[PDB]
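The chain that follows stands alone, in the form deposited without the partner chain, written as structure tokens.
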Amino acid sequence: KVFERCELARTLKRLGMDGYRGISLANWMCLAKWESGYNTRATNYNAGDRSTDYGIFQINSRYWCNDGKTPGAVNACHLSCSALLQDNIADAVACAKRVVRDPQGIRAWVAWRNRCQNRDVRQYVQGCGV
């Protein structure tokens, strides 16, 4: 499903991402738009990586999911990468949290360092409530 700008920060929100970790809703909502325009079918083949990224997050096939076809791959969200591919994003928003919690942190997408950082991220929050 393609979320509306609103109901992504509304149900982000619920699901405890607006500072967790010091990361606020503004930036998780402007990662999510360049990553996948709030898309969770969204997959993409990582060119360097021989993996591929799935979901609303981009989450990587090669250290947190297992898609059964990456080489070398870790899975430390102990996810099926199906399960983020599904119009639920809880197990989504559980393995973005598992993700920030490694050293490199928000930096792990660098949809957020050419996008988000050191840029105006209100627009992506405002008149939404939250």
Contents of the next structure:
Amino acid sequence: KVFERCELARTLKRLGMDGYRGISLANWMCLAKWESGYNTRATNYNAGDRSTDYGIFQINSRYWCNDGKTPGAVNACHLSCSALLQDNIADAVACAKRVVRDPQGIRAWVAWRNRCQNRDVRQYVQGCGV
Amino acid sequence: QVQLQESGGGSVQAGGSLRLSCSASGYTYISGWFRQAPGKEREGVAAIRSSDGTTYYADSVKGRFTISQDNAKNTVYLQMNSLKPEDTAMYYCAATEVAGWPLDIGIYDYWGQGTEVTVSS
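Complement to the form deposited without the partner chain: the form deposited with the partner chain bound:
Let us now look at the entire complex, which starts with that chain.
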């Protein structure tokens, strides 16, 4: 599914993302926007290490989820990557929280660094009632 | 964040059953029970992932202990059947918002105060 902006902000807020690890809801929204376009079915294949990025937060199959076809798989989230291609985003939200647990935090996502880091992100939560 | 409160601890005779409860004041993804027997290091017992209801048990209690959830009351339960003297311990409820191996102590961020379970004879 493709979430509408405010629909997603309210869902992310209900799932405890706002201020999670010092990360504002607006920053999480910006990440989702540039990673997938708020799309739970987004996928991206990386020919270099043969990994795939999955779902709304584009979680990678090498370190975080198991897709069963990626070399050097760690499965740090202990989740099948297919669980991150679902309309219900609880698993995706939890795995995104696991990514930011690491020292790098939300800087792990290159797109967040190129589009959201040091960017006014007020528009992502404006008028959503969050 | 999330505060956890356990209850149901008590003294039971060997072979008996006991059910512990744990309430959470906010949303949790994974919840589990970690016990500390007298003089020993704390160890994992059982865990549950709330999204799909999958459950994970330590080899020492697998088959005997079962963990469940009541999503309406936001509570988790640890049912223990066929208790042994060796199950005597302070049982702690813990939770996290992160996805990881549910019996990995390192992913847990929220901890209760513990509820004592004593198994005699």
